[PDB]
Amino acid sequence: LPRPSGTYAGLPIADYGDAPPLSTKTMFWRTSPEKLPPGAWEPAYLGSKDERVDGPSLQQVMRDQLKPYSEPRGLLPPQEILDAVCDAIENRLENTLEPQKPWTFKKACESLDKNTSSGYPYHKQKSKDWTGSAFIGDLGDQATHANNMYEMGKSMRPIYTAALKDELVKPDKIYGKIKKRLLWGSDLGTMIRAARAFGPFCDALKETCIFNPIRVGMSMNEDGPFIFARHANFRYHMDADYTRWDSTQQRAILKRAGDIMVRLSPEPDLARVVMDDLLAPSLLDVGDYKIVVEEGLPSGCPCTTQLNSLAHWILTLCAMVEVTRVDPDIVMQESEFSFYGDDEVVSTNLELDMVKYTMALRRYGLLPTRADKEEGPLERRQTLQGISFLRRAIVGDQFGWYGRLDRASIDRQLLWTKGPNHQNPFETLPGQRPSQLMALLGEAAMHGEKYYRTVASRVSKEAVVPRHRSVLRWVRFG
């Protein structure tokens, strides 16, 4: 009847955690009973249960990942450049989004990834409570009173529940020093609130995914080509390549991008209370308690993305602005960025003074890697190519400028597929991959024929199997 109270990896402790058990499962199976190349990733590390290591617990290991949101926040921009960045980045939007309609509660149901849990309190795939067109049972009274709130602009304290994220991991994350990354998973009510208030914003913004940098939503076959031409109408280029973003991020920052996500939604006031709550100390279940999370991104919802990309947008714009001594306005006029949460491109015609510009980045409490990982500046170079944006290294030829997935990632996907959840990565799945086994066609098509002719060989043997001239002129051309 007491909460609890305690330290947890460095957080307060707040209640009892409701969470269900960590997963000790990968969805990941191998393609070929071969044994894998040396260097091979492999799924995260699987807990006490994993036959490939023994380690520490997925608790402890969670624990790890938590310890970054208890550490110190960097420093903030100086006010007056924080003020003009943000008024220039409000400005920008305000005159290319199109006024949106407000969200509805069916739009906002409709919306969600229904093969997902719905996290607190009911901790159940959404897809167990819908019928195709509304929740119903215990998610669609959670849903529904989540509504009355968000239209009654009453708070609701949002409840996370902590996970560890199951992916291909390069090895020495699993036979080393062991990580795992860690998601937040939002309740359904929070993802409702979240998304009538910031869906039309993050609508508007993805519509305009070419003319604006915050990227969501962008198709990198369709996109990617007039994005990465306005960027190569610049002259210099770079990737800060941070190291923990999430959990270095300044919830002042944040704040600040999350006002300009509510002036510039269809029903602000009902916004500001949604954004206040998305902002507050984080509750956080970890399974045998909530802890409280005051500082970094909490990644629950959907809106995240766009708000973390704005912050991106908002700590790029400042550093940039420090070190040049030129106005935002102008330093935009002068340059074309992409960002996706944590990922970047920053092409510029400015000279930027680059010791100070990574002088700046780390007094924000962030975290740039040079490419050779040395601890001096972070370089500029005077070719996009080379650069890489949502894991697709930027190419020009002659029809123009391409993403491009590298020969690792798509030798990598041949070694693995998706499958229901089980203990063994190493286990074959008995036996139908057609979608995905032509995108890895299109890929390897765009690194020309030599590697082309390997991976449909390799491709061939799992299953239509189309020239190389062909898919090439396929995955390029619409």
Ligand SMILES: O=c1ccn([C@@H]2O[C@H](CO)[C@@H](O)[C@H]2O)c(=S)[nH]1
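Numbering follows the first chain given and starts at 1. By rigid core we mean the largest C-alpha set that fits within 1.5 Å across both forms. First, how it differs from the form solved in complex with the named molecule.
- After superposition on the rigid core, the C-alpha displacement between the two forms reaches 2 Å or more for just one residue among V61, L437, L66, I410, namely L437.
- For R469, the Cα coordinates differ by 2 angstroms or more between the two forms after the core has been superposed.
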Contents of the next structure:
Protein chains: 2
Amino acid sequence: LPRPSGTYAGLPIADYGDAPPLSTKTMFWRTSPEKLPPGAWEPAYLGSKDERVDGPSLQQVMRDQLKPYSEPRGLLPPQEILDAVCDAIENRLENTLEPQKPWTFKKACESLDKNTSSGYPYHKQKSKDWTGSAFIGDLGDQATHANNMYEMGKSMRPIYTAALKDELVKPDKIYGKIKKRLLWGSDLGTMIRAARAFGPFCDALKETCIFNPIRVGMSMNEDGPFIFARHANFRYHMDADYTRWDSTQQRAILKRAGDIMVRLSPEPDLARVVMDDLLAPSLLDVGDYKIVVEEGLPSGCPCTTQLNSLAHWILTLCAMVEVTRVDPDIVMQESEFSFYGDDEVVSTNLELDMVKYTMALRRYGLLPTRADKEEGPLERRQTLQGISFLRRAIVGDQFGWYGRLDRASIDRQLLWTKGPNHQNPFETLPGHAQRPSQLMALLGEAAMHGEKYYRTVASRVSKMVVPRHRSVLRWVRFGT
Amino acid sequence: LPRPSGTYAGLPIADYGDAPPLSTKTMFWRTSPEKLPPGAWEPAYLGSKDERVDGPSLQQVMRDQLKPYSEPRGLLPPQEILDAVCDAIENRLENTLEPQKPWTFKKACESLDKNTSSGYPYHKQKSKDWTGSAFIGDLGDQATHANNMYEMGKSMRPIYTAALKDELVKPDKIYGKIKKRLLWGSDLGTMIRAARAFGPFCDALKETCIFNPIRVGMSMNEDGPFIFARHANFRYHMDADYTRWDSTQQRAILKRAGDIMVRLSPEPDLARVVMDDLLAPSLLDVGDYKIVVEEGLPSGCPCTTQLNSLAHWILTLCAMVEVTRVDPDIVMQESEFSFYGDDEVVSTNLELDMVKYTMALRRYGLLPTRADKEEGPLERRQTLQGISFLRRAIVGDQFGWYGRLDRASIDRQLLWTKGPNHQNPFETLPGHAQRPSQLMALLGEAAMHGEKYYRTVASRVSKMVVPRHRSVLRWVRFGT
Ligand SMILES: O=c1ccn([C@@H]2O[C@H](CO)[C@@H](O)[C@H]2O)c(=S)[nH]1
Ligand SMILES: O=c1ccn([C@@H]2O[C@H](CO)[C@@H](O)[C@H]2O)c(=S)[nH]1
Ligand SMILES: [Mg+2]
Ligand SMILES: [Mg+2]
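What's the form solved in complex with the named molecule like, now that we've got the form deposited without the named molecule?
And the full complex, kicking off with our chain again.
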């Protein structure tokens, strides 16, 4: 079975791998030597060297993350519905988005995050070869070549590098069945091409985050109250709370999302070439091998989150159109959506059979879940209160709607702080100076839950100094 | 009956008058020599020299405007309700407004509109004595003295100068029963004192125009959609459409509004003195005499509109509290208000007996009116669509809510343009250059009513040049 040859984690091997070994470190440190202890979240599992527990290798942990990508896809929504949905979404974006100028090579390079890695093949921090206005040395070569390919409309095969997310998790994912989330890291070449191709559209969409349902680019504090006020114009509210959103995606769906992006781009012919590269079967470097991934979402590119939100919008509209039999453009007259990758809040005036809705979703291969369990139809409520979005609870009072971080999460940020990578999470940062500057984003947030809880959080102690009690509340809710 | 002596237009004469003779001119010119003709609004009546019609003197016209001020007041709302309402409104503002720094003399002077008159006693355009950072000559003296009085917390008697509003009106107010609206022009001294005293509060309130119901300072384009989205969170919508709001006000009500402003000011002791001057019986210079006006709203001061909106809020809450029996702070949990002087939109979840509501209002001496007539309870609707605010119709679609100028009004601005004062409205501006610069605020606005009407308005002709057809629509609705 000559190349692609053999098999890794159920998937075809296309080549030898060049990725660096998976990180054994976390960026999180304890803020105090006192113990947590009980049920407290901690940084995700760090592998064989993880003093906290004996467990499998990070590569084993990663293989587990790769399983869903070889699961069979769910079904396409009915073709007539899918087409009608895409047309409606496309028409809505046509009416809302300000046509943009093409992005230059310069604009694309500047847009990139200089603190993250360049991925294949040099795997170096982008800032290393960055003069401030251009890439130099190795990265300069990789970037210029890609840009030349982009301008000639020539295809390039993206190469993603796999990683595991360093993040706080519930202890069970450490001390029980070990789990750590899969990350896809794009290559500099692809970042350049995707940014030139799609930066214009993504900018246009972002200027539009209040009027359109794709909320990528919103400030929870500043925009949340308006977005939520809009959702509240409608009778019914729900959140499908998806499991494994990315790995359950159909390239067939991603390609329709991609078609909309291409057609709404200022260089659609150049953009088309890039998008075809992005959605073609994916080369994923897992260290030993580069394996072929045909299905699911390939992430880590600039406009991934928008692409992913777009697919979500398509699927969500498909299910509602399937179930209610209402035209997608009419569904959008009678509803307000919020999408951020797999994150969603759906509000609507329509009478939606939640059994048929939950089943339509499942049929597409998605995994919606009840806040509790037993599937078992999704919930539908008549108030917005208590629904969540971007990790905040949506709250409403006489002044308006807002997003509020729960106390658990606020408490959590008190126990942990970011700093350089190290091996033992329980170590405290030794020169425990200042959570900036800012990070009194808690207090107000903490705040928000009332004077009683706010007071106890005012043990923002260090070590200058006060107060700032305690109509920080006024400042957070209304501001400036 | 020694001073105050005799009587003018039903009101006591306190002194001889110093006001300049009422204007005989309009600032409006026709945009074309073609006739209007039928039913077309025109500039209000210009008096004896008005070639269009033979009519009474402007002073007679003004006397008619003064009648309502000697009408008996309506009744105070029940004292327990009034107190509870004031407390609730005060508490709401306490929770929302950012405490402010006191305004300096400099800040107060700069805030004044330099293009309008200084009123009593010099009656000159403010810009005449304005170096750019200070008042000089006569105005400098008047301003410094007032500021000294303000700082010593000493009282001064305001002197208002009466005028008649130059504005487009329906022809019946010209060719039928002649009518022209009364204006009160404050004196520079009082403007200084009111601005130092109340500029801080008014700034604070204005920063708050989306979260609080007093909408003074809103941009219809930018803020309208959010304000309206909020109103739309509620089941029922209404507009009391008041006749003669200002002249029907009770000083007793204005004084409670004033108390809130004083208490929320950074120099409440100094502010109190000013507010007592502002609400004490009013000296109104009508030319021949200064007459005493005890009742109704005395306008023309800086923060009049906020004071007036505040009273409106008090009265509106009183009526709803009287009728529903719900606590005012609870009424505000279940409702969204918009007030701008006499202009209002009231939205609420509560079940309001519209007969009892209309009667409560009338009892306070207000004159609510049905969009048609026959009083006859006010209307209550279950959609926002079709309600008006700041002269715009509130419109909703799949993208959101917005304010839209009606076609009549758009047509109107095509027939007339502003320019220097002249005697014959039908004259066209002879060097018919450019409606700026801008004023393509029509087109988009005109727009908004669809391509069909938008096309016909594109006779924006002059005389360079195009187009700008015709997703100006996109630009007006979403912008920037
Ligand atoms: O709230 C979020 C934020 C990001 N992502 C997606 O998760 C992947 C990165 O972890 C990318 O595909 C993102 O679009 C999701 S699914 N939900
Ligand atoms: O929409 C408006 C705008 C202004 N005013 C008031 O009208 C007077 C000036 O004509 C002042 O008392 C203003 O507060 C009113 S009543 N409604
Ligand atoms: Mg959600
Ligand atoms: Mg109104």
